[PDB]
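> The residues making up each chain are set out below.
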Amino acid sequence: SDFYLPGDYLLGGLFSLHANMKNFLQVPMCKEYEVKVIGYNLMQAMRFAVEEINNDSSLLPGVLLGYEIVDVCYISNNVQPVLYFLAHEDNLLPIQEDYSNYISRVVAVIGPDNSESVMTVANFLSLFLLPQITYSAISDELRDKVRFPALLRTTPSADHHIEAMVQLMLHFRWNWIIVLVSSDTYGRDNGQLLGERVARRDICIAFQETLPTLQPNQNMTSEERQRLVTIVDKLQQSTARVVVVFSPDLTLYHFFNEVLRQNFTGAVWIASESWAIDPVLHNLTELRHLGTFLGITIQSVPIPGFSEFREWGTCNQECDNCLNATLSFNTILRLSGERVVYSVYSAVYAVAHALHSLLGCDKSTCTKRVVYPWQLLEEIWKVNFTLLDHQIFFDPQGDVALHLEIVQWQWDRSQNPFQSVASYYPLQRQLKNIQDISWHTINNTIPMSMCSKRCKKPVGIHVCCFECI
Amino acid sequence: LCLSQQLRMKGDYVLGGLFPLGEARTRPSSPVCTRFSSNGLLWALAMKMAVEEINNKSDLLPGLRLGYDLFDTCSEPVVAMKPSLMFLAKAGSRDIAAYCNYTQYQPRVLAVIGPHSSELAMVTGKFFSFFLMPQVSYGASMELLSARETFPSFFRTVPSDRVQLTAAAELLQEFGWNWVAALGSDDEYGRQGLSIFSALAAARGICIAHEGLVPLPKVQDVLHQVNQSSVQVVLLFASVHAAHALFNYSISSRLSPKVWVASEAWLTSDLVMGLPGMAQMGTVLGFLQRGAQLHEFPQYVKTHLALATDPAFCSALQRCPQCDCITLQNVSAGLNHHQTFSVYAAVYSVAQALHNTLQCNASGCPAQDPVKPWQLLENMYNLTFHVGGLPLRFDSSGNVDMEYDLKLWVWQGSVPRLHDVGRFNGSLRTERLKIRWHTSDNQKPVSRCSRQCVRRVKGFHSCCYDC
Ligand SMILES: *[C@@H]1O[C@H](CO)[C@@H](O)[C@H](O)[C@H]1NC(C)=O
Ligand SMILES: *[C@@H]1O[C@H](CO)[C@@H](O)[C@H](O)[C@H]1NC(C)=O
Ligand SMILES: *[C@@H]1O[C@H](CO)[C@@H](O)[C@H](O)[C@H]1NC(C)=O
Ligand SMILES: *[C@@H]1O[C@H](CO)[C@@H](O)[C@H](O)[C@H]1NC(C)=O
Ligand SMILES: *[C@@H]1O[C@H](CO)[C@@H](O)[C@H](O)[C@H]1NC(C)=O
Ligand SMILES: *[C@@H]1O[C@H](CO)[C@@H](O)[C@H](O)[C@H]1NC(C)=O
Ligand SMILES: *[C@@H]1O[C@H](CO)[C@@H](O)[C@H](O)[C@H]1NC(C)=O
Ligand SMILES: *[C@@H]1O[C@H](CO)[C@@H](O)[C@H](O)[C@H]1NC(C)=O
Ligand SMILES: *[C@@H]1O[C@H](CO)[C@@H](O)[C@H](O)[C@H]1NC(C)=O
Ligand SMILES: *[C@@H]1O[C@H](CO)[C@@H](O)[C@H](O)[C@H]1NC(C)=O
Ligand SMILES: *[C@@H]1O[C@H](CO)[C@@H](O)[C@H](O)[C@H]1NC(C)=O
Ligand SMILES: *[C@@H]1O[C@H](CO)[C@@H](O)[C@H](O)[C@H]1NC(C)=O
Ligand SMILES: *[C@@H]1O[C@H](CO)[C@@H](O)[C@H](O)[C@H]1NC(C)=O
Ligand SMILES: *[C@@H]1O[C@H](CO)[C@@H](O)[C@H](O)[C@H]1NC(C)=O
Ligand SMILES: *[C@@H]1O[C@H](CO)[C@@H](O)[C@H](O)[C@H]1NC(C)=O
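Protein sequences appear in the order of chains A and B.
With the authors' numbering applied, the first sequence covers 25 to 46, 52 to 342, 358 to 499, 505 to 518.
With the authors' numbering applied, the second sequence covers 23 to 46, 54 to 246, 255 to 354, 368 to 503, 508 to 521.
Honestly, the hints are just simulated from the structure, not real lab data.
Ideal Cβ positions, reconstructed from N, Cα and C, are used throughout, including at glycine.
Keep in mind that the hints are not guaranteed to be accurate.
[Claimed, not checked] With a straight-line Cα cutoff of 30 Å, these simulated DSS-like cross-link-like pairs (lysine-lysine) come out:
id	chain 1	residue 1	chain 2	residue 2
1	B	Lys-111	A	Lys-174
2	B	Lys-422	A	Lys-60
3	B	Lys-111	B	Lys-422
4	B	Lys-255	B	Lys-32
5	A	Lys-505	B	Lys-32
[Unchecked claim] These stretches of chain B come out as covered by chain A in the derived footprint (C-beta under 8 Å, 3 or more residues):
id	region
6	76-83
7	217-227
8	261-271
9	311-317
10	340-347
11	451-464
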């Protein structure tokens with residue numbers, strides 16, 4: 025199938041093909062959950078990268094790069110895939126004091142898409158030092174290499190995301206914002222990080238409220254109804270008109286339906302990377318009256334021939365509804381470009397270049413020596429090449445300097461569903477090249493979010514709040 | 023001393039063990062810890078005593094020998110991952126297969142006595158949940174380990190942080206302080222405590238004036262923010278080091294007295310208790326665990342350490371090479387440790403679950419095939435086991451339930467001592483007629499915000519109104 029391509033060296037791939045969109054003795058397989066199109070798109074990106082690598086006679090010549098892609102759920106199943114990657118061809122994993130001479134089934138793994146499963150996989154692989162390049166993982170806890178020696182990345186961490194948010198906030202002169210986080214760890218960490226970063230730059234937070242966990246397509250308890258009503262009522266009562274939402278893309282459906290029902294209009298919603306590029310959420314098309322939506326996500330890079338490639342196409361390794369689900373999203377996915385697809389492309393190309401250097405071949409036959417995972421990890425820190433007119437090299441903390449971008453959701457099926465308005469360069473931590481933004485105001489003026497008109506005695510904890518004298 | 027040779031004992035149903043016996054890479058090698066820790070050795074001896082006295086018992090596990098494989102795990106999880114993988118390997122072989130699901134495994138260990146550290150407990154629990162291995166832990170208290178979605182086979186013997194946080198929230202609500210400031214350590218412990226307490230407060234009507242984090246040895258800014266609001270109650274859900282650092286800095290700045298609500302981390306610790314000048318910072322109202330203790334454990338430790346030096350015993354009879375060159379004075383300090391009872395009760399609970407699973411009666415045990423580890427989970431939830439004559443029960447979410455004692459620091463001769471002023475057992479009861487407050491007279495400090503009134511919303515979660 026498309027989950028397996030034999031070759032000289034394997035390449036594990038963990039992708040979120042399903043999510044919990046609604052008894053411990055039986056284990057529900059990930060095939061029974063609702064299909065996520067984003068995961069299948071990312072897997073197609075990895076497969077396209079591997080096929081393009083195989084085509085080329087310059088990169089890894091004479092060595093077939095194979096891969097064993099397995100389906101990882103968002104949280105549910107993230108142990109069996111690692112156990113299967115680490116095992117031999119006989120599905121047996123020896124236990125020994127030293128793994129220097131041990132050769133595993135896969136030479137590297139393209140890590141999961143969320144921080145928690147990435148942490149679990151890295152904790153399991155730290156013994157074997159199997160290289161693991163995650164995409165779209167933003168937790169700052171993975172930056173340090175004391176406890177994650179074998180973890181790398183291809184996306185800027187949450188530090189750069191928060192910096193981009195604060196730079197955009199300061200550019201348009203908003204110093205009165207509302208922060209919403211989800212009950213999960215990711216939302217809490219991101220909200221705390223944003224609060225700490227923003228408290229020293231003369232921008233105050235009106236309040237922070239936590240959305241209850243509420244997966245869509247389910248009957249939610251009246252207690253959650255009351256909680257959502259209270260949160261939206263507090264949003265409406267407050268004078269702040271810039272709401273920053275830090276939550277996974279699944280738990281926002283009920284919240285946005287509640288906001289739509291309450292007819293709360295006139296806010297500049299700022300998205301995290303979780304849902305800044307969510308196509309199924311953007312398909313609602315009834316959020317145009319909620320104001321303007323922005324979001325932080327990886328800079329678009331047009332990968333040639335990926336759209337045509339996508340269109341032409358053991359356990360927990362097969363999904364059937366994915367094709368028929370992604371067929372309906374072909375046009376929007378094609379027009380939206382490639383943002384995280386480029387992250388997966390870069391991860392695979394970095395692994396290939398590391399293997400190319402480790403084998404030590406140049407435009408001719410390779411030495412075809414045995415490759416231990418730790419050797420590949422050692423040689424992968426030094427990769428440096430130009431991929432699609434971008435620079436790919438790893439920081440001392442295993443990060444790739446890829447430019448972020450603030451996207452403004454514009455609803456036009458004939459054009460790009462995620463128009464890009466600003467570019468952020470992580471290397472200098474400066475946000476620049478801000479372009480025209482189609483605001484929700486009457487005369488296309490910048491929305492004003494300030495708790496005090498400029499005058505001076507202070508009132509309340511927040512420094513930015515006062516009454517003119 | 024031939025102590026390490028006793029870390030492994032054969033039997034019909036061996037048990038697992040993950041203890042902090044020792045403390046503190055460009056190659057895939059498991060690091061070795063050489064420094065010796067007394068707490069881990071004492072807990073290992075406690076579990077060994079529990080297993081041996083269970084084997085001594087006749088009406089519990091009759092005709093079956095209970096084994097154990099005590100393993101040294103440092104605080105790091107990298108060293109501790111190898112013992113878990115050795116646990117899940119089939120008996121008689123050193124290889125662990127990667128099957129589709131748990132039903133095809135035949136692990137060599139019936140259960141696991143999980144790690145003391147909570148992060149290590151999370152790692153090991155997430156690993157074992159795939160195989161549905163029943164793992165009971167001592168000392169692991171952080172709350173998200175109770176999520177049965179991702180930890181279907183993790184139990185514990187110490188109450189979770191939710192219990193003490195609910196007790197603190199009930200104390201704040203009953204005394205009438207609905208305008209409080211919450212703090213926590215920058216480590217995972219403080220962040221988790223704060224996340225649970227925000228929800229508990231929002232449910233109970235209270236909510237936070239300022240929710241901050243105190244970094245481990255910034256704090257000046259956190260104290261400034263706390264001082265900005267007119268809040269007389271501060272809940273410091275922090276570890277010992279963060280609490281001590283905050284108190285030292287606030288002493289340096291001569292902070293006004295406040296009512297500090299203390300977690301179990303620093304409520305009884307002598308690092309802050311003995312801090313000079315601490316008496317000028319209000320009454321410390323904390324919740325402390327109300328649990329029994331192994332009365333005969335010090336006698337067992339001393340007699341076992343005396344007997345292990347006899348060469349004849351060692352001849353008759368590594369995981370912890372540092373455990374050999376020790377003396378009784380190197381472990382005498384932690385003899386009266388609370389966690390020894392937690393380990394003893396965890397071992398007793400696993401033994402009782404095994405006795406129930408085989409459906410054994412007093413005379414003996416029916417003969418059948420060995421019971422798989424996942425078969426214990428049915429009889430581990432909703433299980434009542436007697437430990438030292440005191441009944442205990444495992445919740446449907448897998449946490450033991452036990453009472454708490456509300457204590458406050460009573461100052462006398464610069465040597466504070468604890469006193470009983472309340473008892474939490476799911477519904478707090480307090481005796482406020484005997485509480486000595488810190489104000490000018492013996493009057494309860496008032497920290498109240500008006501929820502109704508002209509109004510100007512105030513608070514971190516936008517609850518109150520500055521009428
Ligand atoms: C476990 O996997 C086996 C593979 O043969 C399957 O037959 C069985 O139904 C599975 N059990 C589950 C998922 O509970
Ligand atoms: C090159 O890759 C493309 C898809 O990227 C595939 O259709 C083709 O078979 C490969 N080989 C050649 C020789 O075109
Ligand atoms: C509950 O679920 C049912 C079945 O899907 C659905 O028809 C209904 O709208 C839901 N809500 C209520 C309030 O019954
Ligand atoms: C907006 O929603 C509110 C809340 O249900 C409703 O009362 C109102 O009629 C709706 N329409 C307008 C124009 O306000
Ligand atoms: C998007 O929303 C429209 C309008 O409600 C609906 O017809 C369609 O099924 C949705 N999904 C798509 C286009 O994938
Ligand atoms: C997709 O739907 C079409 C009809 O729209 C059907 O013919 C085809 O079999 C479906 N493919 C699946 C369910 O994999
Ligand atoms: C990678 O190569 C480019 C192009 O030669 C060079 O400018 C850059 O400094 C190199 N990066 C590192 C980290 O050496
Ligand atoms: C919007 O701009 C136009 C053109 O300058 C002007 O005539 C109109 O009065 C403006 N409207 C408002 C509400 O300021
Ligand atoms: C078990 O009983 C024996 C006598 O049968 C005794 O020597 C030993 O100390 C006991 N072990 C305990 C109480 O742990
Ligand atoms: C704290 O607040 C009080 C009351 O507003 C004030 O007297 C004092 O200067 C503030 N600062 C410190 C460092 O105590
Ligand atoms: C206490 O704070 C003072 C003043 O900042 C500092 O000099 C001292 O080192 C601190 N003590 C400890 C034990 O951290
Ligand atoms: C036993 O105690 C002595 C005296 O403090 C100490 O030097 C020695 O290291 C201890 N043994 C250990 C820690 O194994
Ligand atoms: C207890 O178990 C034994 C061993 O199987 C059996 O012979 C006996 O009948 C059972 N019942 C009693 C009351 O002893
Ligand atoms: C199982 O739990 C139920 C509900 O809490 C309780 O009534 C029952 O006694 C429990 N079974 C036991 C303790 O054997
Ligand atoms: C809890 O303690 C109260 C008194 O504070 C008592 O009345 C009640 O029965 C106790 N509940 C339990 C379950 O022990």
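> Each hint should be assessed against the structure and marked as holding or not.
For each hint, the structure was consulted:
{"no.": "1", "hint": "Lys-111/B with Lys-174/A", "in the structure": "holds (20 Å)"}
{"no.": "2", "hint": "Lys-422/B with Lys-60/A", "in the structure": "holds (27 Å)"}
{"no.": "3", "hint": "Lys-111/B with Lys-422/B", "in the structure": "holds (22 Å)"}
{"no.": "4", "hint": "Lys-255/B with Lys-32/B", "in the structure": "violated (53 Å)"}
{"no.": "5", "hint": "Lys-505/A with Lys-32/B", "in the structure": "violated (78 Å)"}
{"no.": "6", "hint": "76-83", "in the structure": "violated (count 0)"}
{"no.": "7", "hint": "217-227", "in the structure": "holds (count 3)"}
{"no.": "8", "hint": "261-271", "in the structure": "holds (count 3)"}
{"no.": "9", "hint": "311-317", "in the structure": "violated (count 0)"}
{"no.": "10", "hint": "340-347", "in the structure": "violated (count 0)"}
{"no.": "11", "hint": "451-464", "in the structure": "violated (count 0)"}
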